Amino acid sequence: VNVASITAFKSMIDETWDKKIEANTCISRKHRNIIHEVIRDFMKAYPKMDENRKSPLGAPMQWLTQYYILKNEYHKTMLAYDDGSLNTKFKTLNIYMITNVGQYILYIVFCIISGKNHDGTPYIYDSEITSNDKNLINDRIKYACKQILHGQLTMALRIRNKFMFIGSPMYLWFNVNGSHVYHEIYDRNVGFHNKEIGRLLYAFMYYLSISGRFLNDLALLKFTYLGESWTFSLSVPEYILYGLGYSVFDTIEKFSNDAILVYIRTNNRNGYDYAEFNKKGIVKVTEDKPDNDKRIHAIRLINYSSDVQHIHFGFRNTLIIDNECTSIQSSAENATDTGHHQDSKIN
Amino acid sequence: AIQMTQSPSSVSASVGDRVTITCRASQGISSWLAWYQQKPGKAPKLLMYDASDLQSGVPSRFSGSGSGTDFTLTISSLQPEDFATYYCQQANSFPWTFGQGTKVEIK
Amino acid sequence: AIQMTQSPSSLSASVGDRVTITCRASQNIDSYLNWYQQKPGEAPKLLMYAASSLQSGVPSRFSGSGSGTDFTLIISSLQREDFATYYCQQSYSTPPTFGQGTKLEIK
Amino acid sequence: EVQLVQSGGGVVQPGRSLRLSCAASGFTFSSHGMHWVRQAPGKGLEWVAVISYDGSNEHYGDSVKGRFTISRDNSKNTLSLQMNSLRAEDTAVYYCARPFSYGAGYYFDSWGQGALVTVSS
Amino acid sequence: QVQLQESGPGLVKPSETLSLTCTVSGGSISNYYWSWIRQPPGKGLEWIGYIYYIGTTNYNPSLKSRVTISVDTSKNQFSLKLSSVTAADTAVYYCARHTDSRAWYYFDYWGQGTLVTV
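Protein chains in written order, with the authors' numbering: chain A, 18 to 364; chain C, 1 to 107; chain E, 1 to 107; chain D, 1 to 52, 52A, 53 to 82, 82A to 82C, 83 to 100, 100A to 100D, 101 to 113; chain B, 1 to 82, 82A to 82C, 83 to 100, 100A to 100D, 101 to 111.
One or more hints might be untrue.
To be verified - DSS-like, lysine-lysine: derived pairs with alpha carbons at most 25 Å apart:
{"#": "1", "chain 1": "D", "residue 1": "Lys64", "chain 2": "A", "residue 2": "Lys151"}
{"#": "2", "chain 1": "C", "residue 1": "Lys45", "chain 2": "B", "residue 2": "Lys43"}
{"#": "3", "chain 1": "D", "residue 1": "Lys43", "chain 2": "E", "residue 2": "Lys107"}
{"#": "4", "chain 1": "A", "residue 1": "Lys271", "chain 2": "A", "residue 2": "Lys297"}
{"#": "5", "chain 1": "A", "residue 1": "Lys106", "chain 2": "A", "residue 2": "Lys93"}
{"#": "6", "chain 1": "A", "residue 1": "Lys61", "chain 2": "A", "residue 2": "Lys47"}
{"#": "7", "chain 1": "A", "residue 1": "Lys311", "chain 2": "A", "residue 2": "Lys27"}
{"#": "8", "chain 1": "B", "residue 1": "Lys64", "chain 2": "A", "residue 2": "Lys212"}
{"#": "9", "chain 1": "B", "residue 1": "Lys43", "chain 2": "C", "residue 2": "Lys107"}
{"#": "10", "chain 1": "E", "residue 1": "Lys45", "chain 2": "A", "residue 2": "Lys108"}
{"#": "11", "chain 1": "A", "residue 1": "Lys301", "chain 2": "A", "residue 2": "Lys362"}
{"#": "12", "chain 1": "D", "residue 1": "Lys43", "chain 2": "E", "residue 2": "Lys45"}
{"#": "13", "chain 1": "B", "residue 1": "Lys43", "chain 2": "C", "residue 2": "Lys103"}
{"#": "14", "chain 1": "A", "residue 1": "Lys88", "chain 2": "A", "residue 2": "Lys71"}
{"#": "15", "chain 1": "B", "residue 1": "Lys81", "chain 2": "C", "residue 2": "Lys42"}
{"#": "16", "chain 1": "A", "residue 1": "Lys362", "chain 2": "A", "residue 2": "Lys47"}
{"#": "17", "chain 1": "A", "residue 1": "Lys71", "chain 2": "D", "residue 2": "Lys64"}
{"#": "18", "chain 1": "D", "residue 1": "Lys75", "chain 2": "B", "residue 2": "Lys75"}
{"#": "19", "chain 1": "C", "residue 1": "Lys42", "chain 2": "B", "residue 2": "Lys43"}
{"#": "20", "chain 1": "A", "residue 1": "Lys108", "chain 2": "A", "residue 2": "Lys36"}
{"#": "21", "chain 1": "C", "residue 1": "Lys103", "chain 2": "C", "residue 2": "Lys45"}
{"#": "22", "chain 1": "B", "residue 1": "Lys43", "chain 2": "C", "residue 2": "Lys39"}
{"#": "23", "chain 1": "A", "residue 1": "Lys301", "chain 2": "A", "residue 2": "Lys271"}
{"#": "24", "chain 1": "A", "residue 1": "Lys106", "chain 2": "A", "residue 2": "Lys88"}
{"#": "25", "chain 1": "A", "residue 1": "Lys37", "chain 2": "A", "residue 2": "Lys27"}
{"#": "26", "chain 1": "A", "residue 1": "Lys301", "chain 2": "A", "residue 2": "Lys311"}
{"#": "27", "chain 1": "D", "residue 1": "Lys43", "chain 2": "E", "residue 2": "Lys103"}
{"#": "28", "chain 1": "A", "residue 1": "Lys61", "chain 2": "A", "residue 2": "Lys27"}
{"#": "29", "chain 1": "E", "residue 1": "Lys39", "chain 2": "D", "residue 2": "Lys43"}
Derived by calculation from the structure, the hints in this document are not laboratory data.
Let's have the full structure, built from the sequences with the hints guiding it.
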């Protein structure tokens, strides 16, 4: 369906295969966009379920069960791109041995797109596709989210690394309570509280814990991609949009008359370009799709009728992830809102 | 926080009749509601952990029902043992909040 | 699940001979096959952790081949310590079927 | 040195219940999943069950589905298998096997000594 | 048959500290969540916080500025310290344990409940 994403992914694993993970190493913007594109094209490989094997609860088994993973053209093309050099490199990686950046990225992305957990068990077994047991399916999906994040955090703890983060795609958060996964992953692992370990993942899960997935009457804007939908009541940092797999070019619907700044691309003079929208209804970005080295995904909510506790998520230096890994900020103790003279308005 | 509102605040019901207690959620909680019984001078006893799932050591006359915004604990046949205050606890977000305890008393 | 079939069920070979235990899969397992050796009265020991992939401490005489739906384990020179049962286990999809083992007997 | 020790084998009548245990040592038990595999006397190896590193995900073989429950206690490093509706078909030596993951697959790198369960009277 | 019993002083003057210790008999702290809950006289139930045996704690935002929950696995006891107790802090304090199931967010075992007055 999309071979360009696979080619870019392969080239980036070859480039980063020998790059050791240091204390402040972070995924470059280009690599992050490559990961984003590969995940979203894996999702687009199968746009709808088969009516003969549809899950009555509505869970997206098309990206969870092996019955549909093995039918995805994208998965087969990526595992057999150029005689499967990536697949051969994958069959030797393990949570407890990854030391390089390329290994980290390859293992996480291949586990995700193969419908596999880190311990080898599938996300959802082929016999539970047409199941009605809500608790079992929900627990399986919740375990998939928790295990992806926990695997990333255990890597970061072993390598003593900060700012590495890939994120769990939105489809894995089906009936998943963000607060429950956040507390399960941070009250059972005391070593994860260190201020030098996985702060991007910390910010991702903290935001997903304070903000629920579905806010009925407290939503300000909605994302939908392939029907998988999310609602936000706060400024949406780029790490959240990148972890969930939502682009600013997807369908955004706007429920109030607030002003949003949709950051779109990085321009010259070390700035960012944004669009402003105020009307209720759909939000349409008429600009061309940016390249992987300058793509940006973030939304700022101007509203002032909100708690001051979560206003730092809209700060420019936190909403937009820094190119320099050491300048990235993930908490209110380091958030700062400076340097708007470099930004420009498109529309 | 998710305010828990219970109605009626007190109900007097005949022994052998049907008692219904409703606990409305300020914001939607998806089945993360537990019901507790507190006899006067005693600590709460967990009756139902999810919206409809019944603990061991609890008589089958206790039926849990509803999911989302609306919830209902029902006693099929009231017994003199069931004189207690009933509380609803939500576990969807933080802090965990209890509702105002509905008294049930035998008439 | 994916069924595992080995051939032959039993094989007779002398010291220094060549043996070729073949494992077939009902569906594609994509190089996810592990071979175990179990001496009588002991737990299975891994020999090859993937198709044509050796484990630390395994003698170099053991060798592997296969690319899904067909795999082979070859022992170039059978020493006296290599007379045991061999199981082919797929790990492409849980359940990890173990396959009917092959027993090697001195001739 | 990874080492898995098992206990709780014995005799139980058909239809009754038994509880196997597998105390792990020498590795971070809280991070690795665990599997159970049984071997009927003189027959091939058969997969029984799996439990995730925390215990929120588990699967059982088709033949044993609905009769066993696998649990783990990450504070004591204990892996237990609950036996119900035991048939004569279930007489086997039971091993607890720790999986070592490579790629999307895994292989059993550590096996227990084997606890014998005999369903006979 | 895990029995929880609260202890500590029953009378604390206003603006001082409040100490409550819960002892777990017939069981262990090693694997479960332990929470503190209070009941204002004839009003309702309000959750204070919980501590996991590892040491991590979660507090109620309403009073997170003056609550401190501690655990001591060697003595099978987890305590609570409330600072600057006001006249509204009079209540019956229960030391609960959470469900040891796939659900860990409900209170399965409760203590006797010690009333403390200010």
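Here's how the hints hold up against the structure:
Restraint check: the Cα-Cα separation between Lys64 (chain D) and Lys151 (chain A) comes to about 18 Å, which is no more than 25 Å; the hinted pair holds. For the hint pairing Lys45 (chain C) with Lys43 (chain B), the CA-to-CA distance comes to about 18 Å; that is within 25 Å, so the pair holds. For the proposed pair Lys43 (chain D) and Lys107 (chain E), the alpha carbon gap of about 23 Å is at most 25 Å, so the pair holds. With a C-alpha separation of about 5 Å, the suggested pairing of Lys271 (chain A) with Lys297 (chain A) holds against the 25 Å cut-off.
Under the criterion of a C-alpha separation no larger than 25 Å, the hint pairing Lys106 (chain A) with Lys93 (chain A) is consistent with the structure, at around 16 Å. A C-alpha spacing of about 21 Å is found between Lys61 (chain A) and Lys47 (chain A), which places the hinted pair at or below 25 Å, so the restraint holds. For the given pair, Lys311 (chain A) sits about 19 Å from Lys27 (chain A) by alpha-carbon distance, which is consistent with the 25 Å threshold. Under the criterion of a C-alpha separation no larger than 25 Å, the hint pairing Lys64 (chain B) with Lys212 (chain A) is consistent with the structure, at around 21 Å.
For the hint linking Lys43 (chain B) to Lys107 (chain C), the alpha-carbon distance of about 23 Å falls within 25 Å, and the restraint holds. Distance restraint check for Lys45 (chain E) and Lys108 (chain A): the Cα-Cα separation of roughly 20 Å lies within the 25 Å cut-off, and the hinted pair is therefore satisfied. In summary, the hint linking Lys301 (chain A) to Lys362 (chain A) is supported, as the alpha carbons are separated by about 15 Å, within the 25 Å threshold. Among the hinted pairs, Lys43 (chain D) with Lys45 (chain E) is consistent with the structure: their alpha-carbon atoms are about 17 Å apart, no more than 25 Å.
The straight-line distance between the Cα atoms of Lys43 (chain B) and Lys103 (chain C) is roughly 12 Å, inside the 25 Å bound, and the hint therefore holds. Taking the CA atoms of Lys88 (chain A) and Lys71 (chain A), the gap is about 15 Å. The hint holds against a cut of 25 Å. Between the alpha carbons of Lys81 (chain B) and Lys42 (chain C) the distance comes to roughly 24 Å, so the proposed pair stays at or under 25 Å and holds. With a C-alpha separation of about 23 Å, the suggested pair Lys362 (chain A) and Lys47 (chain A) falls inside the 25 Å cut-off, and the hint holds.
Between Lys71 (chain A) and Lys64 (chain D), the direct Cα distance comes to roughly 23 Å. Compliance with the 25 Å bound is thereby established for this hinted pair. For a cut-off of 25 Å, the pair hint linking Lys75 (chain D) to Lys75 (chain B) stands: about 17 Å separates their Cα positions. Proximity of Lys42 (chain C) to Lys43 (chain B) is assessed by CA-CA distance (about 15 Å); at most 25 Å being required, the pair is judged to hold. The hinted pair formed by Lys108 (chain A) and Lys36 (chain A) meets the criterion: a straight-line CA distance of about 19 Å does not exceed 25 Å.
Using a Cα cut-off of 25 Å, the hinted pair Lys103 (chain C) and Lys45 (chain C) holds, with the two alpha carbons roughly 15 Å apart. Annotation: proposed proximity of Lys43 (chain B) to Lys39 (chain C) holds, straight-line Cα distance about 15 Å (limit 25 Å). Distance restraint check for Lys301 (chain A) and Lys271 (chain A): the Cα-Cα separation of roughly 11 Å lies within the 25 Å cut-off, and the hinted pair is therefore satisfied. Restraint check for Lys106 (chain A) and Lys88 (chain A): the C-alpha separation of about 22 Å stays at or below 25 Å, so the hint holds.
Simply put, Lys37 (chain A) and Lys27 (chain A) have alpha-carbon atoms about 18 Å apart, close enough for the 25 Å limit, and the pair holds. Under the criterion of a C-alpha separation no larger than 25 Å, the hint pairing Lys301 (chain A) with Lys311 (chain A) is consistent with the structure, at around 20 Å. Distance hint between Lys43 (chain D) and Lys103 (chain E) is fulfilled; the C-alpha atoms sit about 11 Å from each other, no more than 25 Å. Between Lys61 (chain A) and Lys27 (chain A) the CA atoms are separated by roughly 19 Å; this keeps the pair inside 25 Å, and the hint holds.
This hinted pair checks out: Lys39 (chain E) and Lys43 (chain D) have alpha carbons roughly 14 Å apart, not beyond 25 Å.
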